[PDB]
Structure formats: C-alpha cells, structure tokens
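A single chain, nothing else alongside it, follows as structure tokens in the form deposited in one PDB entry.
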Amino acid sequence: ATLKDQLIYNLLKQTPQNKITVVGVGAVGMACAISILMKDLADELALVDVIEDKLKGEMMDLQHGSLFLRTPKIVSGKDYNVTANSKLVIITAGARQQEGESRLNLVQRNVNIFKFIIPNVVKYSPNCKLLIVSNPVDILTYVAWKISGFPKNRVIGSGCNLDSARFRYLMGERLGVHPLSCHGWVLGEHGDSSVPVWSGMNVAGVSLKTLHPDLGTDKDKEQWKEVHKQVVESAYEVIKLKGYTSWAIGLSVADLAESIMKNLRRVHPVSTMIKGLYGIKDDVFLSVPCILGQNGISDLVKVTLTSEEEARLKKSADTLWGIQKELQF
C-alpha cells in the first residue's frame, strides 16, 4: 500500500462538463484566462499556443494559484488534443496591432494562422461554440465560420462588446453614474468605422437624444461625438502607453463567456452575419445586439436606427465586406 492507498479507498474507477479552451497565451489570451478562472465558469481550462516554453510557464503559474480558484484542472500543449471536448473555444492567437497600426492591417497574417488553428479546434471539439477575439475580429469571425463548417450561431466574435463597455464608461464619467446604469450601444466594426447609436442612449429609460436633440452631431455644444472618438481611439492610446491592451478585452470576453456558459440569454453586441438586416445582402460579419446562450447566438435584436446611424452602419459593412469578399480559402 502507498500513502495514497492507505489514506484513500477508491470507489469509482468522466469528461469535464464545462471545459473552456483559450488559444493564444499572449497578454490577451492570459487576461481572458484569468478573468474566466476568477468567474468560476469552467471545470477545466486548456491553453494552446505554438511557443512551448511560454505556454508551459503560463500554465504552471495558473496552476500554482489553484488553491484560490474553483477550476480543478488546468492543462496546456501545442497539440490541440489538449482542447478535446471544450464547450467554448476562445481564439486570441495571431498578430496584434503595433502602435498606430489598423486592426485591418492584420488580415493576411491572421487569416493564414486561422487556416491552421480552426481545423484543429473543430477536430477536437466539434460541438463547441467558437468565440473569436483575434483581430480584425469581424473579418476573422467570418473566416472562422467559413473554415469551421459550423452553423453561424456557434461562431461568435467578441466584436463591440468592449467598444460599448468603453462608451458606457465614458458616458458614466460625464454623467456621474456607474456604467451599469448608463446605456448605449456601439455597433458595426470593432475598429475605426464603429457606429454609436445615439438614438438609443439612455439612463433609466430616459432618452438622451430626446432631451438633447443635437446629441452626436457636429453642432452639439457639448461635443458628445468626442466620446465616440475616444472609443475609436482607446486601443491606440493604450497601446502607445503600455504597448498592448489586455485587461478590458479579457473582462469583455469573460462577460460573453458567462452568458454562453450559464445560458443567460443576455443581449450583447457581438460579430455575426447581418445579411437580411438594413437591406444588406452580403455575408458580412459585424456587431449587432444578439441574444447569447448555450447554443451561441440564438437571435438578433433588430435595432431601429436613424437614417444617419443606418448609413454609418452600411459604411462599416461596405469597408468590412470589401475585405471579406476578397479572401481566398
């Protein structure tokens, strides 16, 4: 008898029920991981990346904190077999923006990495929801959908969940109210062509645009457009300051994971196919409000846009589609 066999009588000689994989152990990947771990969303966490040392080191560092977590198994490996049986696979790997660089400048590189990553994910977790975080997220969500063969409910991009969170933060600062009570939606591209939906902004269901008709216009004496300009510029400013962004996106992704894993059916602005709305007929992916739960995106909310908002959203779709349409698979 070993010490274990003297101490413990074994009765039972099972897959995880709530496994999540994070692909990519860069700063974004690891912020997603710690955020998911601290939210108790998974019974198993797997990490995958191509840099073996860094991957192992990250895994071990999380494991050493196990005592303080409620996720009893953390694994990693360059081989996708460690990701088998995931309910949710979060893809953060690939090139990221350098100072001053457009997320759209990342397309060729990250499409080529997705050509390797997505078939491997799909092979080991054929029923997962895919949550794409890598940039440009809207384009890569389309790509992941096309490569995976998944129905589109199961391919979700982090999209404008973060842009909307930034927007509500800044709104909150101007009004003196917690972001949880400042409502406003940013839709379209997670990037420079995003669309603030001024007509929907409210606190306690009081329309800000009804109170302030010039809201969001160039004529606005309070220059509320500058809030959206700051939303657009946020990642660039943070990158210039600390080299990359990580915490906000990690929190946003864990917010999405929470709705998925706990089947909440909360609404979030995430990247999905919008064909059929606003007279768009192209297979373009961008953010609109979607109901998120255990089957991914189960429904879209049809937002009532002003003609100016709709035009902006159409411009966003045209910019994204002009890229997506030329991709070769």
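Each form is matched to the other, and the largest set of C-alpha atoms that superpose within 1.5 Å is called the rigid core. Positions refer to the first chain, counted from 1. What changes on going to the form deposited in another entry:
Large C-alpha shift between these two forms, rigid core held fixed: of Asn105, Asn202, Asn120, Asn85, this applies to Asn105 alone, with a displacement of 2 Å or more.
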Contents of the next structure:
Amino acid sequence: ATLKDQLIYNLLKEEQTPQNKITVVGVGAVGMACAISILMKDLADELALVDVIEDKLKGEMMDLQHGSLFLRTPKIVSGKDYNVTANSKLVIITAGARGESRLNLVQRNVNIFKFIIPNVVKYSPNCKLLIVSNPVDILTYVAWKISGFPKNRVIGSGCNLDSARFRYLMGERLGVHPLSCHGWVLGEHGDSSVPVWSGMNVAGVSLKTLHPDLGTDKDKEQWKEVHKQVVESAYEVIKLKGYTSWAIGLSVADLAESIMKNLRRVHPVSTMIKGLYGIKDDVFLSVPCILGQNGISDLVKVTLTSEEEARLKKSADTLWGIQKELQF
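Beyond the form deposited in one PDB entry, can we have the form deposited in another entry?
The next block holds one chain only.
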C-alpha cells in the first residue's frame, strides 16, 4: 500500500515494445544535434543513445531526460551495450572523430563500424540505417556490406546538407525563403559534389533557360560561386567554431521525418548508383531518392550533362579504388 498503490490502480502490467523507436550511435556534437532535433520534431516514442565514453553518454541522456516535460518522447535510454537499442525503426550512425588525410580515416572508421553494425543488426534486424559518419559515401557501402541489409534499408546522409546549404545561399542571393529556392547538389559528398544547374529554379522557372551561361566559367553573375560557397562555408564553420552540429542535426531529423512518417518525399541521399551513368561497381552516391517507412523505396533518374555524368563516374571510380582494398 505505497503512495503509488494508494493513488494509481493498475489495469494491466502488459509491457509492450516501442512502436516508433530511434537510436543515435555517437553522442558527439553531430549526434546530440540529431538527438535534440528529433526530440523537438516529435518523431520517436523512445530514444536510445549509444557511445563508448560511458560518462559523456550518461550525462547527455540525463540532460535530455530533464527536458521531458517540454517533449513528447516518453522514454529516453542509453548505454555502452546495444541491448538498449532493441526494436529500433531507425538507427543513426554518427560515431567516429570529426592534418590527417581522407584514406587514413576510412579503415580507421571501418574498424569502428565492424563492431557497431553487427550489434545494431543483432538487437534491431529490421531497422533502416542512416549513416552520417564521414566519408558518408564510403561508410554507407561499409555498413551495407557488414549488415547484409537490402539497399533500401541502408541510407547515407550524403548531399542532403549540401543541397540545404545550396538552397540557403540561392535564397540569400534572390531574397526568397530556401523552401521556394529549388536546386540540387548530387554525387559525392564534400568537395566532389555536383551542382545540377538544369534543375535550379524558382516557381518552376528554370534559371538555366533565362541565364543560358548559368554555372559555367562564362557566367556574367558567376552563379558557380554559390556551389563554391557550399564547399567553402563548411570549411569556414570548422575554422570558426571547430565543428558542425546544428545544420547536420536539422537535415538528419528531416530525413528521419520522411522515414518515420512514411512521407514519400524526395531527398538527395546516398544510395547505390550501380547501373546508372555507366557505373557498374558497388558504390554509393547521392541522387534524389523517395524516402518512406522502408527507406529508399525508389530513386529519381536525373538527366545530367556529359560533364555532370563524368563527374559522378570519376567519384564512383575513386570510391571503388578505396573500397577494393578494404578488409571486411
């Protein structure tokens, strides 16, 4: 006859599995920004956090739990052991560590993924994996290989942020909200991204039709500088604050909304492009994909120029060059 017993009469002890659970692996700057954005978008009924730094993991879990009054996510759990991640609909991988080269980081992150992915598959075999950790294009393949999951359930963040940055920069130039400034950045994430000028428009008005020299070395207004700013801005943010968190966190939560709510919205995400643009290797690049409750259900076939297809093909060859030497 405790206070709970005097106040509450129990009708059932029938404990059930979470219906719309999400897991964030890596409680670093990126992962925590993904965690807060998801929590504030009301996408999960349960949020699980995983990391190797036990103390930092407990602290972040508690800090999010103390905001439970202001949230609509009734359960916030964490732990080093992946048993906490059981029955997750979506698993977001952000684990890693932000002079070093890009090749040095690959096998370094592959060894990390060699533990995470099996443990994720163990407790959540029917989940959708959203890979954020860089190189995202390579690590999405790495995860797809180790998991043995079909292509659709292995999604890479890719150029979702690149396009968001593009649409914002396009928006500032024209003085219009990014929501109404349409433009697509595809292929390899980072420096090797492809700005698809043909699709760059405002209210169905192709900016290439009005300005035929758009995104060329000829261009009077030099619109190619907008894409140059997409790569520059990212480097600038690291030079100014040392890392990125908010923008990536928001972009990930948008992808989470499409998947969790089965919206069938189009996003520039990393999927296997094998069979397209003369690519025959098992490589992942960003193309606009249809995101639903089972991940990439479909992908949009973008008509590109010979110069744009070659850019994707070069990226595809370079990524496979690193992939064929990888140990699994």
